[PDB]
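Novice: Each chain, written out:
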Amino acid sequence: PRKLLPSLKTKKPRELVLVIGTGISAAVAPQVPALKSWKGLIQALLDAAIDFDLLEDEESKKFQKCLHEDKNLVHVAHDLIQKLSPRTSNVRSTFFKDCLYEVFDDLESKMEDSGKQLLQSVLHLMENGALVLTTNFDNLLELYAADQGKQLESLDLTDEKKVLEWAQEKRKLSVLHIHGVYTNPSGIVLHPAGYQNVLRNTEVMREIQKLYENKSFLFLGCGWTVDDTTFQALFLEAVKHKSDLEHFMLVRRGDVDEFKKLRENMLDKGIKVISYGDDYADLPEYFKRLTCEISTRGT
Amino acid sequence: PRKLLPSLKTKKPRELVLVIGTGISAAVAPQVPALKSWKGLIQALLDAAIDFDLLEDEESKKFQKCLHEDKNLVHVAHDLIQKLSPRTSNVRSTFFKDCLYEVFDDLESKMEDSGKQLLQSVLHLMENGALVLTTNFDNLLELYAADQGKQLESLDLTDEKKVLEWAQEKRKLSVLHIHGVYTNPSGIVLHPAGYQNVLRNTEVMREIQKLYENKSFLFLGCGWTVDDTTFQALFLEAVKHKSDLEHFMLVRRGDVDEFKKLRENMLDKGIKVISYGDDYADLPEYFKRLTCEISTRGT
Amino acid sequence: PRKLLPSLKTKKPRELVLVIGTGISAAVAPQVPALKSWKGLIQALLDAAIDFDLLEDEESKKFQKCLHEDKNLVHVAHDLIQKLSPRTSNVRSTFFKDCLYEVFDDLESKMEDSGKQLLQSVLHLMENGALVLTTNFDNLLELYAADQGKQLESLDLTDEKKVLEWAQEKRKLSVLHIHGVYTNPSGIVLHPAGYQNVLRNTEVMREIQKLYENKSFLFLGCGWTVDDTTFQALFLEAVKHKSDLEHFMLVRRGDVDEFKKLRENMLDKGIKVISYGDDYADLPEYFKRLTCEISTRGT
Amino acid sequence: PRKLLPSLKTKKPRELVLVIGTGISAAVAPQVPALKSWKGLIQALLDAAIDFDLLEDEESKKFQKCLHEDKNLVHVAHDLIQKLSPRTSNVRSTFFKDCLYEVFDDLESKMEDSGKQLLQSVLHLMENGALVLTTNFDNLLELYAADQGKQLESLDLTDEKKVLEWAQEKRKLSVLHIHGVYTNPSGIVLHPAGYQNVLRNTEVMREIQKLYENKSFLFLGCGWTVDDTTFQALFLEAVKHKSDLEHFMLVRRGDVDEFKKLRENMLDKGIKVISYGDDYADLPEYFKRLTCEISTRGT
Amino acid sequence: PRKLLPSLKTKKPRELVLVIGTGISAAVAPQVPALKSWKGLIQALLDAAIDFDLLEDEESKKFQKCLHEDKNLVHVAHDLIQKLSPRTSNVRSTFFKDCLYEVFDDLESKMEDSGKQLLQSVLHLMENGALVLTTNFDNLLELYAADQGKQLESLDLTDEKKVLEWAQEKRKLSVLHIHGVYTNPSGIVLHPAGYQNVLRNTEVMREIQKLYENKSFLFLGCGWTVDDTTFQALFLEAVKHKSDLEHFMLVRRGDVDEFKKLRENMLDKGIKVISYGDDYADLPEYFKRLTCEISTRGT
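Protein chains in written order, with UniProt numbering: chain A, 28 to 326; chain B, 28 to 326; chain C, 28 to 326; chain D, 28 to 326; chain E, 28 to 326.
These aren't lab readings, by the way, just hints derived from the structure by calculation.
Heads up, some of the hints might be wrong.
Since the list gives no way to pick one copy over another, a pair counts as held whenever it fits inside one copy or between any two copies.
Said to hold, decoys possible - Computed list of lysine-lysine pairs in BS3-like fashion (alpha-carbon distance at most 27 angstroms, straight line):
hint: 1; residue 1: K188; residue 2: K299
hint: 2; residue 1: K124; residue 2: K237
hint: 3; residue 1: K287; residue 2: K143
hint: 4; residue 1: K89; residue 2: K199
hint: 5; residue 1: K92; residue 2: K287
hint: 6; residue 1: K124; residue 2: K315
hint: 7; residue 1: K296; residue 2: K66
hint: 8; residue 1: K143; residue 2: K98
hint: 9; residue 1: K296; residue 2: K124
hint: 10; residue 1: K189; residue 2: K287
hint: 11; residue 1: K199; residue 2: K98
hint: 12; residue 1: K38; residue 2: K137
hint: 13; residue 1: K177; residue 2: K38
hint: 14; residue 1: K137; residue 2: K315
hint: 15; residue 1: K299; residue 2: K92
hint: 16; residue 1: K177; residue 2: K199
hint: 17; residue 1: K30; residue 2: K89
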C-alpha cells in the first residue's frame with residue numbers, strides 16, 4: 028500500500044543506477060533449490076557431475092559435507108569448479124559448459140506477470156539512460172526486454188573494458204554480471220584472485236568512487252547481497268567516506284526488526300534503506316507506481 | 028457588519044509593521060488541518076512517517092500523546108523532533124527531511140485566490156514602506172512574490188547580517204521566519220536554545236526595539252502563539268514601556284473568553300483587538316477600503 | 028532414465044551427421060554372425076563357404092589357428108579375397124557373391140521393433156534432410172523403410188557420384204555403407220583398395236573433410252566404431268587436423284578408467300561423449316527423446 | 028550339405044530354360060544299357076535281337092574297338108546306322124523303326140521312381156511356363172506326363188515350325204528332341220545334317236541366342252552336352268555375349284580339379300558350375316527343391 | 028523262334044486285308060502238291076480232272092509244262108477253268124468245282140500242328156473282324172472253321188451282292204475267292220474277263236481298289252500271287268502310293284541271300300518284305316503271337 032519517499036520522488040532518473048538480485052528469480056521460479064540457495068546450487072551441480080561421472084561416490088559424500096560447510100560459498104564454488112574442471116585457455120571443454128547450460132534452460136517458461144511488472148518498470152528506468160549491475164546467474168531481464176520489443180546488452184567482469192565503459196556512464200541498453208552468464212563459464216570468477224585481477228585495473232576503483240559518491244543506486248537482493256565478499260571488497264576499497272555515499276537498498280516489510288536491523292546495518296555501512304512488504308509478488312505494484320511517478324517527475 | 032480604524036489608515040505605509048500567523052495560510056489553502064493550525068501538522072507527520080515505516084509504535088504513541096497534550100509549541104516541537112530523528116550523525120542523514128517534504132508537499136497544489144488578494148494588499152503596504160514578520164514554515168508569500176516580481180527571500184537563524192540590514196530599512200523586500208529554517212529539521216529553533224540564538228545578535232533586537240517603539244503594527248492569523256515563550260522573550264527584549272504603543276489585531280475564537288483575555292494581553296503589548304472574517308471576503312473588502320483607490324488617477 | 032545433453036540437443040536436423048556402427052546393426056539383429064564381431068564374421072564366412080562345397084580345409088583351418096592371434100585379421104581377410112573364390116572378375120562369376128548372399132539372409136525377421144524405433148528415428152531424420160553412414164554391409168535400414176512403406180537406396184564408397192549427391196544432402200533417398208553393401212562384393216571398401224578409392228575420387232575425400240570442419244557428427248555402437256580400421260584411418264586424420272571442434276559419441280559406462288582415458292583421447296581429437304551402464308534399452312529411449320527435439324527444431 | 032545357390036534361384040519359371048542331356052534319360056529309365064551312354068546307344072544297335080542289322084561279326088568287332096578307341100562316335104554311329112539301313116536313299120522302311128520302337132516302347136516300367144520325381148519337376152516348371160528341350164531318342168517325359176494326366180506332344184527338327192512353336196513358349200504340353208526320337212525314325216540325325224536343320228532355321232537360332240544372352244539356361248547330366256558339336260552349332264554360333272550370360276550346371280564334386288577344370292572352360296562359354304555332394308540322387312533332391320522355389324516365386 | 032518286329036503287329040483286324048495264295052497252306056503242310064505254291068493248286072485241279080478222265084492229251088501236256096515253267100498263271104488257270112466249265116445251255120459242265128472238292132480233301136489231317144496253329148490264328152482274326160481275300164477258289168479256311176467248330180460263307184466276284192457285303196465288311200466271316208469259288212462254276216476266271224467281273228458291280232470294284240490304297244495288306248508264301256494280272260492290274264499297276272503303302276510280307280530265310288534278292292525284287296515291285304525262320308513252322312510261331320497283338324490292338 029506504500030508510497031514515494033520524497034527523497035526518491037525528487038531525485039531524477041538521470042541521477043540513478045540499480046543492482047539486481049534474488050527477488051526476480053523468486054518471482055519467476057522459487058521452487059528451484061539453487062536460485063534460493065548457493066549450497067542448493069552445489070547440490071544441483073553435484074547431481075549433474077554424478078550424472079556425468081566426473082568424480083566418484085566417495086567424492087559425492089565429501090561434497091555433501093561441503094553443502095553443510097555453508098559461508099564463503101563463493102570460494103567453495105570456485106574450488107568445486109576447479110576440482111571438477113581445468114580453467115583451460117584452449118578447447119571448448121565439455122562437461123562444465125553443458126552442466127551450466129542444463130541449469131540455464133527452462134526458466135523462461137516459468138515467468139510470471141509479477142516479474143513482467145517489475146520488468147516493465149525496470150525497462151523504463153533502463154530507457155532513461157541508467158546503469159545496471161547483477162548478482163544473478165539468471166538473466167530474465169535480457170530475454171524479457173526482447174519480449175517487450177527491445178535489445179539488451181549484457182556485460183561481465185572479465186570484459187573489464189565494458190566494465191570501464193559502463194562505469195564511464197557510456198553504455199545505454201546495459202547490464203553487468205559479477206558472476207555467471209549464458210555466454211561462457213570461463214567468464215566466471217569466484218576465488219578472490221579472479222575478482223582482484225579485474226580490480227587491479229585500479230582506475231575502475233576510482234570510477235566506483237565517482238559513481239558511488241555522485242549518483243544514487245537502488246538495490247535488489249537479499250540485503251546480504253551487499254555483504255557478499257566481492258561486493259564488500261569492490262565498493263569498500265573504492266570508498267572509505269561512509270558519509271559521502273548516496274544510494275539505496277530495497278527491503279521487505281516482514282518482521283519489523285529485520286528491516287530496522289538492516290537499516291541500522293546499512294547506516295553503519297554508509298548506505299540508505301527503503302522497505303516495501305514480505306510477499307514476493309507485493310513488490311511489483313509498489314515498484315510500478317514508484318517507478319512511473321519518478322520517471323514522469325523526471326520528464 | 029465590519030469597519031476600519033482611522034489611525035491605521037492615516038499612517039503612511041513606511042510607518043507600519045505586520046505580524047502574521049496561521050489564518051493567512053488558511054486563506055491561501057484551507058485544505059488541511061495543518062494549514063489551519065500546527066496541531067494538524069502533528070497528525071500529518073504521524074500519518075506520513077507511519078506509512079513509510081519511519082515511525083515505530085512507541086514513537087507513534089508519543090506523538091499521539093502530543094495531539095492529546097498541546098504543550099507549549101516550543102516543547103511540542105522539541106518532543107516531536109527528538110524522537111522523529113533516527114540518526115548516527117557522522118553520515119549526512121535523511122529521514123526527518125523527507126517527513127517534512129511529504130507533510131508540506133508543494134502547496135501550489137492547494138492554492139486559492141482569497142489568500143493571494145490578502146498578500147497583494149499587505150505587499151502594497153510594503154511598496155509604500157511597510158515591514159512583516161511571521162512564525163511558521165509557510166513560505167506562501169514567497170510563492171506570490173514569484174508571481175508579483177517584487178524580489179523576496181526567506182530568512183531565519185543563520186543570516187543575522189541580512190536581518191540587520193532589512194531591520195535597518197536598507198532594503199524593503201525580505202521575509203522573516205521565526206520557528207527555524209525547515210531545511211535544518213533536527214536543528215529547528217523551537218527550543219529555549221532559540222532565546223539564546225536570538226541573543227547572539229541582540230543588535231537585530233535593537234532595531235526591533237526601534238521598530239516596536241516608533242511604528243504601528245498589525246496582527247493577522249496570530250493567537251496564543253505570540254504569548255508562547257519565544258514571543259514573550261522577543262517582546263520583553265523589544266519594549267518594556269509595553270502598553271503605551273499603538274498596534275492593531277484581527278482574530279477569531281473558539282469562545283468569547285479567549286477574546287477578553289487576548290484583548291487585555293494585546294493592550295499590554297500595545298495592541299487593539301478586532302474580529303471579522305468568518306469567511307475571507309471581509310478582509311479583502313477592508314483592504315479595498317484601506318487601499319483608497321484601485322484606478323490610481325485621482326490619487 | 029538419464030539426462031539429455033544440451034550441447035547435442037541444440038542443433039538443427041540439417042546441421043547434424045549420424046554414423047551406424049557394427050554394434051548398432053548388431054542391435055538391428057542381435058543373433059547374426061555377420062554382426063556379432065569381425066573375428067566371428069570371418070570365421071562364419073569361411074565355414075559357410077565350405078558348407079556349400081566352395082573350398083578346401085588346409086588353408087582354412089591353418090588360418091583358423093591364426094585367428095587366435097586376434098590381430099591383422101582385417102587385411103588378412105582382404106588377402107583371403109585372393110584365396111577364397113576361384114578368380115575371374117570381368118565375366119559375371121559368383122563364388123565370392125555366393126558366400127556373401129548366403130550371409131545376407133534372414134534380413135528383417137531378426138529385428139526387434141526396439142531396433143526399428145532407432146531405424147524409424149533415422150528415417151524421419153533422413154526425411155528432414157539428414158545423412159547416414161554405416162560400417163556395415165547390411166541394408167537393414169533400407170529394408171525397414173520399405174516395411175514402413177517407402178524406398179531407401181543402398182549406397183557405397185565405390186559409387187562415388189551418388190556418394191557426392193548423398194554428402195551434399197541431395198540424395199537423402201540413399202544410405203551409405205562405408206565398406207560397401209553386401210549385394211556387390213567387388214564394391215567393398217573394408218579392403219585398403221577402398222581407402223585408396225576415397226583418394227581416387229577426390230570428391231569423397233573433400234566431402235569427409237568439409238563435413239568434419241563445417242558440421243557436428245554423432246557416432247554410435249562400440250569403441251570399435253572409432254577403432255575399426257577404415258574409421259581409424261580416414262576419420263582419425265580429420266582430428267589430426269584441428270579447430271577445437273564439437274562432435275558426439277555414444278559409449279557404455281563399463282570400465283570407467285578406460286572410459287575416462289578414451290573420453291580424454293576423444294576430447295584431445297575434438298569429441299564429446301555420452302556414457303551409461305547396462306547397455307541397450309536406454310539407447311532407444313534416450314535417442315527417441317533426442318529425435319523429437321531434432322524433429323521440433325526442423326519444424 | 029545340399030543348400031541352394033542364389034544366382035540360379037533368382038529366376039521365376041519363364042526366365043529359365045532346361046536342357047535334358049543323355050545321362051538324364053538313362054537316369055530316368057535305367058532298365059536297359061542302351062540309354063546309358065553314346066557307347067550304350069551304339070550298343071543298342073547290337074542289342075537288336077533279329078537278323079537284319081546289315082553287318083558282319085568282324086565289322087561288329089571293329090566298331091566295338093571304335094568304342095575302346097574313344098573315336099568320332101557321334102558321326103561313326105551315324106555312318107554305322109547308314110550301313111545298317113541303306114534302303115535305297117530317302118525311301119520308307121520298317122526295320123530301323125522296328126528296332127527303335129522295340130527298344131523305346133514300354134518306358135514307364137523301365138523308369139526310376141526317383142527319375143519320375145525329376146520328370147515331375149520338369150513337367151511342373153513346364154506348365155508353370157518353362158522351356159524344356161533334349162538330345163535324347165526317347166519320349167520318356169511325354170509318356171510319364173501322360174501317366175500324370177497330361178497329353179504331351181513330341182516335337183523334333185523335321186517340322187522346324189514345331190521347334191519354333193515350342194520356342195515361342197506356345198506349345199504347352201509338348202517336348203522337343205534335337206538329335207531326334209524313336210517314334211519319328213526319319214527325323215533322327217547323329218551326323219551334322221541335324222545340326223544344319225537348326226542352323227538353317229535362323230529364327231530358331233535367334234530364339235536360342237536370345238535365351239543365351241538374357242535368359243538362364245541350365246543343364247542336367249550334361250557331362251558332354253555343352254561340348255556337343257550339335258550344341259555348339261545350335262547355341263553359340265553368331266553371338267559372343269559369353270561374359271554376361273546367366274547359365275548353370277550341376278555335377279557331383281569329389282576331387283578339386285573337377286570343379287576347377289569345368290569352371291574355367293564353362294566361364295569361357297559363359298556358364299556357372301555348381302556342386303552336389305556324393306551321387307546323382309542328390310541332384311533330383313537339389314533340383315526338385317529349386318523347382319518348387321522357382322514355382323512359388325513365379326506363381 | 029522269331030522276336031517281335033512291331034510294324035505289322037500294329038495293324039487292327041479292320042485295318043488288315045490278308046492275301047491268300049496256296050502259300051498259307053504251303054506253310055501249314057509243305058508236303059502236299061496242291062499247297063506248295065499257286066501252280067501246285069492248278070496242278071492238283073488238273074490231277075483231279077485227269078482222274079475224272081475230262082481233258083485232252085495236248086491240253087494236259089500244256090497245263091503240266093506251263094505249271095513247271097513259272098509262266099504267268101492267270102492265262103494257264105483261266106484256260107483250265109473254261110475248258111472244264113463250258114458256258115452254253117446243253118454244252119455246259121461243273122467240273123472245276125468238283126476238282127476243288129477233290130483238291131482240298133482231307134486237309135485237316137494234312138496240316139502240321141504249326142499249320143493248325145496258323146489256321147486257328149487266322150480264324151481267330153476273322154472272328155475278330157479281319158479282312159481276307161484269296162486267289163484260291165478254295166474251301167480251305169471254311170474246312171478249318173469246321174475243325175474249330177465254326178463256319179464261313181464262300182464268295183466269288185460274280186455273286187456280286189454278297190461280295191459287296193463282304194467288301195463293305197457287312198459279311199465278315201465270308202471269304203472272297205477272287206478268281207471263282209467251289210460253290211459256283213459260272214463265275215470262275217483269271218483274265219480281263221476277271222477285271223470285267225470286278226467291274227461287273229462297280230461298287231465291288233471301287234471297294235476292292237479302296238482296300239489296297241487305304242488298308243494294310245499282308246502276303247504269306249505268295250510264290251505266285253505276287254504276279255496275278257488281276258491283282259497286278261489294280262494294285263501293282265493302278266495304285267501310286269508304293270513308297271508310302273503300309274503293306275507287309277513274310278518270306279523264309281531258306282537262304283539269307285534269297286531274302287536279300289527277294290527284298291530287292293519286291294521293294295522294287297512295291298512290296299515290303301519281312302524275314303523269318305529256317306522252315307515253315309517259324310511263320311505260325313510268330314503268326315499266333317502276332318495274332319494276339321492284332322486282336323488286342325483291335326479291341
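Novice: None of the hints should be skipped; say for each whether it holds.
Specialist: Hints and how they fare:
1. In the homo-oligomer, the alpha carbons of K188 and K299 never lie at most 27 angstroms apart, since the shortest distance is 29 angstroms inside one protomer and 32 angstroms across protomers.
2. For the homomeric pair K124 and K237, the shortest alpha-carbon distance between copies (25 angstroms) is at most 27 angstroms, but the shortest distance inside one copy (30 angstroms) is not.
3. Taking CA atoms no more than 27 angstroms apart as the test, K287 paired with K143 passes in neither setting, with 30 angstroms inside one copy and 44 angstroms between copies.
4. Proximity of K89 and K199 under a CA criterion of 27 angstroms is satisfied in neither setting, with 39 angstroms inside one chain copy and 49 angstroms between copies.
5. When the C-alpha separation of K92 and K287 is checked against a cutoff of 27 angstroms, the pair qualifies only between copies, where the shortest distance is 24 angstroms, while the shortest distance within a copy is 29 angstroms.
6. In this assembly of identical chains, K124 and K315 lie within 27 angstroms of each other by CA distance solely across copies; the values are 22 angstroms between and 32 angstroms within a copy.
7. For a Cα distance limit of 27 angstroms, the shortest separation of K296 from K66 inside one copy, 21 angstroms, qualifies, whereas the shortest one across copies, 36 angstroms, does not.
8. In this assembly of identical chains, the alpha carbons of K143 and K98 never lie at most 27 angstroms apart, being 31 angstroms within a copy and 52 angstroms across copies at closest.
9. Proximity of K296 to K124 under the C-alpha cut-off of 27 angstroms is restricted to the inter-copy arrangement: shortest distance 18 angstroms between copies versus 33 angstroms within a copy.
10. For a Cα distance limit of 27 angstroms, the shortest separation of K189 from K287 qualifies neither inside one copy, at 37 angstroms, nor across copies, at 38 angstroms.
11. Within a single copy, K199 and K98 get their C-alpha atoms no closer than 34 angstroms, and across copies no closer than 56 angstroms, so neither meets the 27 angstroms cut-off.
12. Taking the closest pair of Cα atoms, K38 and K137 come within 27 angstroms of each other only across two copies (23 angstroms); inside a single copy the shortest separation is 30 angstroms, beyond that limit.
13. For the identical chains of this complex, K177 and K38 are neighbours both inside a copy (23 angstroms) and across copies (25 angstroms), given an alpha-carbon limit of 27 angstroms.
14. Proximity of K137 to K315 under the C-alpha cut-off of 27 angstroms is found in both arrangements, the shortest distances being 19 angstroms within a copy and 26 angstroms between copies.
15. In this assembly of identical chains, the alpha carbons of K299 and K92 never lie at most 27 angstroms apart, being 31 angstroms within a copy and 30 angstroms across copies at closest.
16. In this assembly of identical chains, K177 and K199 lie within 27 angstroms of each other by CA distance solely inside one copy; the values are 10 angstroms within and 38 angstroms between copies.
17. Proximity of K30 to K89 under the C-alpha cut-off of 27 angstroms is restricted to the inter-copy arrangement: shortest distance 23 angstroms between copies versus 45 angstroms within a copy.
The structure does not agree with the numbered hints 1, 3, 4, 8, 10, 11, 15 stated previously, though it agrees with the rest.
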